[PDB]
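Let's have the full structure, built from the sequences with the hints guiding it.
Here is how the chains run, residue by residue.
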Amino acid sequence: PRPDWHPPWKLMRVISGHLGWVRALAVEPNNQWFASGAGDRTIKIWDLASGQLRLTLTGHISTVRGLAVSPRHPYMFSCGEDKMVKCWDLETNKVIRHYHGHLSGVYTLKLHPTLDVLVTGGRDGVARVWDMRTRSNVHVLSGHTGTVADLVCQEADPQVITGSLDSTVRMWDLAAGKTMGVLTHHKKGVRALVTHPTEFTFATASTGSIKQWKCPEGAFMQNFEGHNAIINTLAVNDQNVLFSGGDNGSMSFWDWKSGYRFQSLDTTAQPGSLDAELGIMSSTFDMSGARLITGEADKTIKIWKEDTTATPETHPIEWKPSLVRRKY
Amino acid sequence: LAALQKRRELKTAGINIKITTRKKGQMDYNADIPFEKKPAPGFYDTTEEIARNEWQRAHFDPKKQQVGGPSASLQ
Amino acid sequence: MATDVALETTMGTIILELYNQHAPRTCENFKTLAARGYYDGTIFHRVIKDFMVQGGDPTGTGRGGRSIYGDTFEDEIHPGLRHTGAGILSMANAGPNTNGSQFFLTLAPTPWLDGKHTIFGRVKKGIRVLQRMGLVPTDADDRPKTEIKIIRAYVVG
Amino acid sequence: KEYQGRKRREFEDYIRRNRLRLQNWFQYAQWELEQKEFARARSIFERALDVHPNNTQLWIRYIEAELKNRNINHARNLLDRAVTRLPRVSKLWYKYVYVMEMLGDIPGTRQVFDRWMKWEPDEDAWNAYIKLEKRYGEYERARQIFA
Amino acid sequence: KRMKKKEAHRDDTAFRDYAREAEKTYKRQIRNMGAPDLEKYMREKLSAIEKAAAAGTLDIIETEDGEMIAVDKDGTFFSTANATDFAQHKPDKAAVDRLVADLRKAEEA
Amino acid sequence: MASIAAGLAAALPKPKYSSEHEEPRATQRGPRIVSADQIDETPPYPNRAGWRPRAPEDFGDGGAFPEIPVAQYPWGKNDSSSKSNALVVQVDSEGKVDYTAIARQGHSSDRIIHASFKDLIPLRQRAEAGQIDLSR
Amino acid sequence: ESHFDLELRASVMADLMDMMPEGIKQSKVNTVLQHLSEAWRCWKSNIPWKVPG
Numbered sequence: 169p170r171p172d173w174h175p176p177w178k179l180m181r182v183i184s185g186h187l188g189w190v191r192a193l194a195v196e197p198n199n200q201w202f203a204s205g206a207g208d209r210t211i212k213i214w215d216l217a218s219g220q221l222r223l224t225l226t227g228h229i230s231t232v233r234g235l236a237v238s239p240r241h242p243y244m245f246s247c248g249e250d251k252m253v254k255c256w257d258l259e260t261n262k263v264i265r266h267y268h269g270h271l272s273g274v275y276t277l278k279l280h281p282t283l284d285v286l287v288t289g290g291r292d293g294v295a296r297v298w299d300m301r302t303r304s305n306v307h308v309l310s311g312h313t314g315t316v317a318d319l320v321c322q323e324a325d326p327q328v329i330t331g332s333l334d335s336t337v338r339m340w341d342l343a344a345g346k347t348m349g350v351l352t353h354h355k356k357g358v359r360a361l362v363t364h365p366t367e368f369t370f371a372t373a374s375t376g377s378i379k380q381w382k383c384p385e386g387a388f389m390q391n392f393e394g395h396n397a398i399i400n401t402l403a404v405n406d407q408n409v410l411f412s413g414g415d416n417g418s419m420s421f422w423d424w425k426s427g428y429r430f431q432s433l434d435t436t437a438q439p440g441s442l443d444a445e446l447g448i449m450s451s452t453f454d455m456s457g458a459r460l461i462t463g464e465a466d467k468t469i470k471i472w473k474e475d476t477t478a479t480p481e482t483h484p485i486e487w488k489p490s491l492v493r494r495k496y
Numbered sequence: 193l194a195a196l197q198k199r200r201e202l203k204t205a206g207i208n209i210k211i212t213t214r215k216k217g218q219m220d221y222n223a224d225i226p227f228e229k230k231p232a233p234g235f236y237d238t239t240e241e242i243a244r245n246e247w248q249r250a251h252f253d254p255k256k257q258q259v260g282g283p284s285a286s287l288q
Numbered sequence: 001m002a003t004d005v006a007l008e009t010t011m012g013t014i015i016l017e018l019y020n021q022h023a024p025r026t027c028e029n030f031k032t033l034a035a036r037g038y039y040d041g042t043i044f045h046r047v048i049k050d051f052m053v054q055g056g057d058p059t060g061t062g063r064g065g066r067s068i069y070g071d072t073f074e075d076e077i078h079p080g081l082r083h084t085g086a087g088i089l090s091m092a093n094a095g096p097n098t099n100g101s102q103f104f105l106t107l108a109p110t111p112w113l114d115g116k117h118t119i120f121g122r123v124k125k126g127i128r129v130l131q132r133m134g135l136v137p138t139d140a141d142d143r144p145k146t147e148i149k150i151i152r153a154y155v156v157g
Numbered sequence: 051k052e053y054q055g056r057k058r059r060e061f062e063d064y065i066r067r068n069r070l071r072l073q074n075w076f077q078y079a080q081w082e083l084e085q086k087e088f089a090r091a092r093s094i095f096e097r098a099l100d101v102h103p104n105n106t107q108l109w110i111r112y113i114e115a116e117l118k119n120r121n122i123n124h125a126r127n128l129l130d131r132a133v134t135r136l137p138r139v140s141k142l143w144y145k146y147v148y149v150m151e152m153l154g155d156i157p158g159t160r161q162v163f164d165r166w167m168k169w170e171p172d173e174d175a176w177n178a179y180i181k182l183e184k185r186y187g188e189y190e191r192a193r194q195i196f197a
Numbered sequence: 164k165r166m167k168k169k170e171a172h173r174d175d176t177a178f179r180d181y182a183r184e185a186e187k188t189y190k191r192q193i194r195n196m197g198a199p200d201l202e203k204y205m206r207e208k209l210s211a212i213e214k215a216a217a218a219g220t221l222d223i224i225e226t227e228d229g230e231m232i233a234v235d236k237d238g239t240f241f242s243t244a245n246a247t248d249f250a251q252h253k254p255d256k257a258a259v260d261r262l263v264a265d266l267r268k269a270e271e272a
Numbered sequence: 001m002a003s004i005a006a007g008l009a010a011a012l013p014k015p016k017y018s019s020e021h022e023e024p025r026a027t028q029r030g031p032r033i034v035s036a037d038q039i040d041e042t052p053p054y055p056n057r058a059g060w061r062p063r064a065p066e067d068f069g070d071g072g073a074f075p076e077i078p079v080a081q082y083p084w085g086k087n088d089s090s091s092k093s094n095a096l097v098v099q100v101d102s103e104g105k106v107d108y109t110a111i112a113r114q115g116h117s118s119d120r121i122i123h124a125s126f127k128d129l130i131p132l133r134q135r136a137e138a139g140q141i142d143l144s145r
Numbered sequence: 805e806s807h808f809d810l811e812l813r814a815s816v817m818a819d820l821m822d823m824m825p826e827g828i829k830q831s832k833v834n835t836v837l838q839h840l841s842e843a844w845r846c847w848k849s850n851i852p853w854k855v856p857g
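Protein chains in written order, with PDB author numbering: chain T, 169 to 496; chain L, 193 to 260, 282 to 288; chain S, 1 to 157; chain J, 51 to 197; chain B, 164 to 272; chain R, 1 to 42, 52 to 145; chain A, 805 to 857.
Just so you know, these hints were derived from the structure itself, not from any lab. Please note: incorrect hints may appear among the correct ones.
Unchecked claim - Derived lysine-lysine pairs resembling DSS-like cross-links, with alpha carbons at most 30 Å apart:
#: 1; chain 1: L; residue 1: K229; chain 2: R; residue 2: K92
#: 2; chain 1: B; residue 1: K167; chain 2: J; residue 2: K184
#: 3; chain 1: B; residue 1: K236; chain 2: S; residue 2: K145
#: 4; chain 1: T; residue 1: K379; chain 2: R; residue 2: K127
#: 5; chain 1: R; residue 1: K105; chain 2: B; residue 2: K236
#: 6; chain 1: R; residue 1: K92; chain 2: T; residue 2: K346
#: 7; chain 1: B; residue 1: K167; chain 2: J; residue 2: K118
#: 8; chain 1: J; residue 1: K51; chain 2: J; residue 2: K86
#: 9; chain 1: S; residue 1: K145; chain 2: R; residue 2: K92
#: 10; chain 1: T; residue 1: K346; chain 2: S; residue 2: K145
#: 11; chain 1: S; residue 1: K31; chain 2: S; residue 2: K149
#: 12; chain 1: B; residue 1: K203; chain 2: L; residue 2: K230
#: 13; chain 1: B; residue 1: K236; chain 2: S; residue 2: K31
#: 14; chain 1: B; residue 1: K253; chain 2: B; residue 2: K190
#: 15; chain 1: T; residue 1: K346; chain 2: T; residue 2: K178
#: 16; chain 1: B; residue 1: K203; chain 2: J; residue 2: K184
What the hints assert, rightly or not - Part of the chain L face toward chain R, derived, beta carbon under 10 Å:
#: 17; residue: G206
#: 18; residue: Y221
#: 19; residue: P233
#: 20; residue: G234
#: 21; residue: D237
#: 22; residue: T238
#: 23; residue: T239
#: 24; residue: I242
#: 25; residue: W247
Note that the Cβ used here is the ideal one computed from N, Cα and C, for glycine as well.
What follows is the structure in structure tokens.
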């Protein structure tokens, strides 16, 4: 499979202002603002075009780890390490619901694409499926033995996929609350998961290893090779650009179909940072795919954009159909 | 040790009684195999081994299992 | 008078020795169905261990089966042929004189079907293929979970 | 029975305090083996395997307890279970081929090696299987293994 | 060859990973069994030849040279993989004793 | 395309010491047991009256004879199975002995369980597939 | 404060398990959490923390 050409990405804007690591990012469904959640206990709303601080919301007493803006409701959902999952009414800027019940810190929150359902995952080893209206905990998705570090929700079975620091990924039947399948291919803790927007596949990231999988049966597709880091984040475009973001500050941009790494770089730490503070902790694309937003352990938000002056002959694809034995 | 001595003296001099230290909120691990997880069956038959192991358990003997230069200048 | 019929299945090749002297109409029914290709890609819908492997149904359900003499034909119980052992080919029937297209085949001596099933051959090669077809796993209604089909059936003479 | 109940209570008190400690599980199972309670020691090993499903040291302890007490069929069931559970841990594969060669089943040793080669192991396992066939004189079989 | 083997053992003393430790342990255990009994192996081979010939899985044929060539119809003569009866090799009591004494020696050491 | 291999085979002269009469440098303690590959490389119906088989030798490649009024066993008698606790040995789609029963023991039938090297090979390189449908 | 400590220790441990190469012996990792405590005390006392090796 020959890679398609993609332009390189370059750093467009650095936004300072959080007093902690930027751990959560959510883009609102009309692409005008995004929320960031950070270790200074806070949620900030930023205008996306100007990168400008509209609002600061407090209401967590620990690090905010998960943010979602609902496409069907005027709600934003926040989860944090103080065990708390909160629905924020954006017509009043106020917390109005809690989804209480994780025994320890909540690492990941996702909204269901078609149902009025929230899924969270935390250090108590389970994913919790919540009914949004009644705040009801309708399923405890149990079976992991480590922290549920990341999680995705799909519109077709398997509707919940959880990735865990026990190095294991589980695909879950959401109606019955049971595991359809266990993927044990990663050697280290699974910290990142992403689904493709237009084809029925997903990617999982642990340390040094990105695996692609075909839904619904979870068949192994390909490895994205060469990003030798703890990967905290994965983000995917609808133009088949996958970003992997690594805890040491290293960034890779991959063609999704072929697995080819068309860009590698490192982020830069804000002045005052230790060299130990270089690290990507959160990432999303905007709603259009033209902007990459990263939240970083130097307490910054960085906006990345494609290089408009790049050309397939200025930045040629250095891929040859290789001919060795990948000892799988 | 003192209670064992008294119980042995009673059992020697006739009366046998069950001194039961079983508290409130404690399982009887002697009574039953606790939280028993049997080995999964495999392609090999283990009925003869199970029967022999039960025989050894019944015939176990605790007494049989009970007992188990250079000089300073050179240094 | 013996005729070879080769069933290339997904587990090996069965060579069938058909007894034209004993059950001629049923044997030539088998020849014509195999030669037309009525058995190509047709599954063994019932396997019961130590009893039986049954196939030949094009619908895969156990009620179908369309012979060459219309729908059904009569039983040929020649009193010298019995279900004496493994690998014996017979015609599966709903009742007496109801032979269609599905072939029964003994995996074991089954001498309680004498007088009601028509032996018309045996296996000349492939008895271990038949044994492993008997060793596949099934469900409650004896259908193999792991799928067994005659890939192609043809005739050798 | 009084002493055994006291010891069983102290062992399971330490398992409830720290189930993640292999030594807690190991000392409990070894004590039951010493009491010749093989069902009880097996149950302890299996509960330990529920807590530590992928632990090579634990799998080896259980397999060796069965082999030491001559439960060969129990041990071979454990060996199949262990190389199913952990097919890229060459220690369990080496233990299984070694056990079958000790038992004198050279076809059984070839069976275990063939399953390993299906898993496509490293060069040391391919070399070990060539050296098995050279040990027993099948140079054509070793030629096939080099292919 | 001897001295390169000794030097390799000296260089491979220190721990690298459990795959190396497993390979070293297996090679040492093979050495400690020592030379196989090829006479007993060949007796078992001939007994299996006549038994499989009786069971019909071995064909004894003679080519143009007039020699005994055995043909395994299946592939289950040499390996119990693909053999449906792989689970009824009951090992010899001497073999079980030898394995148990091996494990007892390891425990003592 | 094998230009360097072809050039090597062209540049090498013939060996001046003949090797066509060479036996292997270490002999195999025969008898030779080989397969149908080396076969390839190197009573009839209906007069079986009076014939009475004794063994799977006599069955050949198997098949009981219905005209003989004795019970036949083309692959051997089954004595019994005295309630062993063993798993039943099963076979896979193409007749080989299957150990995924061990992998699947204690689960339901529709649980997805990866247990083979084939589940570690990228799908687009698995020989059984040619066109994968990746559509939501 | 007790809750912050629990969360901090779990995060440092998860990072260290994911940082360790496959095949290193990994019993002593609680050792690293003791180094983390000592480094924090060194920060509070303004004492440079530098563990040799």
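How the hints compare with the structure:
| no. | hint | in the structure |
| --- | --- | --- |
| 1 | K229/L with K92/R | 21 Å, holds |
| 2 | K167/B with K184/J | 22 Å, holds |
| 3 | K236/B with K145/S | 28 Å, holds |
| 4 | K379/T with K127/R | 15 Å, holds |
| 5 | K105/R with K236/B | 15 Å, holds |
| 6 | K92/R with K346/T | 35 Å, violated |
| 7 | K167/B with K118/J | 37 Å, violated |
| 8 | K51/J with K86/J | 13 Å, holds |
| 9 | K145/S with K92/R | 25 Å, holds |
| 10 | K346/T with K145/S | 23 Å, holds |
| 11 | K31/S with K149/S | 18 Å, holds |
| 12 | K203/B with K230/L | 38 Å, violated |
| 13 | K236/B with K31/S | 28 Å, holds |
| 14 | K253/B with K190/B | 26 Å, holds |
| 15 | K346/T with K178/T | 43 Å, violated |
| 16 | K203/B with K184/J | 16 Å, holds |
| 17 | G206 | 47 Å, violated |
| 18 | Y221 | 26 Å, violated |
| 19 | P233 | 5 Å, holds |
| 20 | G234 | 6 Å, holds |
| 21 | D237 | 4 Å, holds |
| 22 | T238 | 6 Å, holds |
| 23 | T239 | 6 Å, holds |
| 24 | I242 | 8 Å, holds |
| 25 | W247 | 17 Å, violated |
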